[PDB]
Amino acid sequence: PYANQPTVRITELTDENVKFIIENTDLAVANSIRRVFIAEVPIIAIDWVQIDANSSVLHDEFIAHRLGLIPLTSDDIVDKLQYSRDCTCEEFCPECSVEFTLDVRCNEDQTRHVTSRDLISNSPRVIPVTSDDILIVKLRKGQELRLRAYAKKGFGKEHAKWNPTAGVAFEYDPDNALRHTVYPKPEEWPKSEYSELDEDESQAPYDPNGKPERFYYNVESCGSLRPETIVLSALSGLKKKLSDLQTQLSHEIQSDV
Amino acid sequence: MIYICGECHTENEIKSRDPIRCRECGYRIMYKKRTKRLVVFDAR
Amino acid sequence: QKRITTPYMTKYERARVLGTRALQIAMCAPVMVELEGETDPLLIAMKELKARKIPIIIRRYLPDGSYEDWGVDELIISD
Amino acid sequence: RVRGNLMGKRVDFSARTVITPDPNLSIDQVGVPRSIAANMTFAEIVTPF
Amino acid sequence: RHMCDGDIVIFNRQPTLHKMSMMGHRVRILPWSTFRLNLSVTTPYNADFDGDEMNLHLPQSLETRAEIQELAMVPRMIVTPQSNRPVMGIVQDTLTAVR
Amino acid sequence: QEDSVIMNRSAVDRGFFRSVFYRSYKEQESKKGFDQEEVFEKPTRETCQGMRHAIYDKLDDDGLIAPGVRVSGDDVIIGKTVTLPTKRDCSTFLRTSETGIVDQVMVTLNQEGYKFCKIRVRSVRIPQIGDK
Amino acid sequence: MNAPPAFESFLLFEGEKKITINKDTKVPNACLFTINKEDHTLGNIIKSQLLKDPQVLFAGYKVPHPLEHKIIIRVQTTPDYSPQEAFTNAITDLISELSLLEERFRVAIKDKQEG
Amino acid sequence: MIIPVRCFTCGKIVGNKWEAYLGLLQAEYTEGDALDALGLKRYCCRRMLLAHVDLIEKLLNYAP
RNA sequence: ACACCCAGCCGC
Ligand SMILES: [Mg+2]
Ligand SMILES: [Zn+2]
Ligand SMILES: [Zn+2]
Ligand SMILES: [Zn+2]
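Protein chains in written order, with our numbering: chain H, 1 to 257; chain W, 258 to 301; chain B, 302 to 380; chain S, 381 to 429; chain F, 430 to 528; chain Z, 529 to 660; chain X, 661 to 775; chain R, 776 to 839.
Be careful, since some hints might not be right.
Derived DEER-like restraints, expressed as beta-carbon distance ranges [stated by the list, open to error]:
#1 F:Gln489 / H:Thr247: 45 to 51 Å
#2 S:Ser394 / X:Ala663: 21 to 27 Å
#3 H:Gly142 / R:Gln801: 26 to 32 Å
#4 Z:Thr624 / X:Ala663: 14 to 20 Å
#5 F:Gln489 / H:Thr88: 43 to 49 Å
#6 F:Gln489 / X:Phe673: 28 to 34 Å
#7 X:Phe670 / W:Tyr288: 54 to 60 Å
#8 W:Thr267 / R:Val828: 32 to 38 Å
#9 B:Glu375 / F:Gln443: 32 to 38 Å
#10 Z:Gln529 / H:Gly142: 27 to 33 Å
#11 Z:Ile583 / B:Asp380: 27 to 33 Å
#12 H:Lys80 / Z:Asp659: 39 to 45 Å
Everything labelled a hint here was simulated from the structure, so no lab data went into it. A virtual CB, placed ideally from N, CA and C, is assigned to each residue, including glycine.
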């Protein structure tokens, strides 16, 4: 087995940042981990909207689109639900769905803000994350919005509403020693956050026998997952994809010669 | 089906045999309400 | 001997002879070359042109009324 | 009649679309949308193979 | 039958100023709603992608398909007799990156 | 290359440049003539001999389509059976290969004073490849 | 009108194969792996892990078209070690990489959360 | 017409941050400090909150 | 469900 031994460190750990440093690994591994942050981490978001009544100033597709982008808490429940195309249910079942009901109606002179707090979920483990509230539509007197929504489990490849991150920042080799970007005028370029050189120098000297093994991350959560769980599920998902490829190629080699 | 008005927003009862007129405010423009059949919306 | 034409098969000659041959093979004409895995008649037409075994003779009209009958087999192909 | 309906006539089996680049195609290839492909047809003659 | 991969088509842009404005291509099916060209093919068409629309014609007789395949292909019709120079050529990014 | 734009798919999924395209179709009941009236009614295949193979079941009892109904290409949003001097269909179809949902249906009286109707169809237009 | 379904980028319908092996006859002991319905995410890591193997003479990948969803990974090794074995070793090595990294990340979370 | 739920570029939630931002304009703060009081560090979300029009408030004036 | 007339707009 010709595989090296990556290590991790964590700089600071808030409820929205999980900033970590990975050492002793390839560039491709770190980049694919970042892409799995963006794409291949499943969360729960609304995907099946049924508008019973909408007399608001915003039409039905707009309300459905703004409902899809509302994040939902999926801390543990996403790992136990299934995909709606990978279940034995007819259309939707509570084994892979969560129900949502919205029956807001304005009968006051002041305007009514249909915040995310008015989405009444069925299972009390998913909820809009602000439970500062995500408004969906403003209503005046005599306007109602009745709808039922179903939220599935999906990847960020399928849509960006399933993207759990909020702009992961991936920086390697901050002082530009390994010449992977060539500054036309190095001294006018600002030093980055993880910089070891002083203010007098511009960039680190060139390293001929050098490869990049240092990777700084700023994985930031939209709210659907804890920032621990985004990484701890991304690594699991990448491992699962590689295991699926392994067993498929084993089946291919078995029926080859 | 049945119609609602454009001024008072009150439902009316006309079935292809009556002149177009609101029963209360007498408004010549009247809309049709949203259908009872439900349509699937992809939040995608 | 009364053959004052170019002894080289022109590109228009190639185009229309392959076209006629492909349409004929599509209408179940016997193929003059061995088959080893083509379905579309155009590929069969190119193979028959390269084998120079096409059953086509072309008549070229000189600009006075007189004609000249050439065989595609006795012409010179462009490849 | 002569210029507008003998020299130049409207034709069946023709398509028109906005064009976008594709550096992953050869120079002798054109990308075609699925609806144009499903609408326009080629008449093949049933050969015994 | 429906048009599939490998069907010969004539592909044309107005104004049809010269013989290079109407050349033949092979069809590749791609899953969006636009005709996608090669980049270097845009120089004989005098085309760009700022909203140019561009026409497609399909033969349905094997003699016509053969005539386009052996007279009006893109590779066969690269060097023009207008200037005995190649009317196709490397353009834009591929030209400024090969330098 | 050559004046083209690469776009972020995730941004477009998040609402970047997403828009709707309202189209409105107008039809009036022109009862001018001796017996050439065209009453708004759902055209059944028993009478109204001139017909099409469009899907004639989404209309209402008033010869009209309802708001909030999914409408595909080449459908029917009006039932206008005009008397042949039994009757024939003079109804409008949708524009070719259009899509959308009926937003509003207006029934009113026009300048001539006839039974005038308008249908508004709304289709979302997510930015595709090929949009300027 | 011609938009593909958004799930077509990562889902196999009935009939198509996830991975195929095509022996390349231009040079001896080389193979093409046509992995379907996937993207650069596995291509880059598989290419790098095969490049790390000293008995691999060529290891590359391409995506033939961004609108399509195939990746082609070409591998050529020495005439002592079959390329399918090289791909197998690379996949299991990346499994070990990801598993060890996951364990160390979980220890890092526990150590930061405890104080 | 209304504030987007998510920033187009990154994906940070900015739907819940409109009203409070208006409050910080009602509390005589500059727009830059109002953005910095919300955690909108990247300039994409600052583009979202800074350059948005509340046309839904205009649409609410008309009768339903 | 057209046919003329007019206007506006797209690419070169
Ligand atoms: Mg142009
Ligand atoms: Zn189920
Ligand atoms: Zn009224
Ligand atoms: Zn942002």
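Taking the hints in turn, this is what the structure says about them:
Between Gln489 (chain F) and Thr247 (chain H) the C-beta distance comes to about 47 Å, which sits within the given range of 45 to 51 Å. A hinted range of 21 to 27 Å for the beta carbons of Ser394 (chain S) and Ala663 (chain X) is consistent with their spacing of about 24 Å. A hinted range of 26 to 32 Å for the beta carbons of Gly142 (chain H) and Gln801 (chain R) is consistent with their spacing of about 28 Å. Restraint check, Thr624 (chain Z) to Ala663 (chain X): a C-beta distance of roughly 18 Å satisfies the suggested window 14 to 20 Å.
Restraint check, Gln489 (chain F) to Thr88 (chain H): a C-beta distance of roughly 48 Å satisfies the suggested window 43 to 49 Å. Look at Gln489 (chain F) against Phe673 (chain X): about 31 Å separates their beta carbons, and that is inside 28 to 34 Å. Between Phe670 (chain X) and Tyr288 (chain W) the beta carbons are some 44 Å apart, a value that contradicts the proposed interval 54 to 60 Å. Between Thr267 (chain W) and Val828 (chain R) the C-beta distance comes to about 34 Å, which sits within the given range of 32 to 38 Å.
At about 44 Å, the CB distance of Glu375 (chain B) to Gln443 (chain F) disagrees with the hint of 32 to 38 Å. Range check, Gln529 (chain Z) to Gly142 (chain H): Cβ separation about 54 Å, and the 27 to 33 Å hint is violated. For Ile583 (chain Z) and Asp380 (chain B), the Cβ-Cβ distance of about 56 Å falls outside the hinted range of 27 to 33 Å, so the restraint is violated. Judged by the Cβ atoms, the range 39 to 45 Å given for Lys80 (chain H) and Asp659 (chain Z) holds: they are separated by roughly 41 Å.
Hints 7, 9, 10 and 11, counting from the list given before, are not met by this structure.
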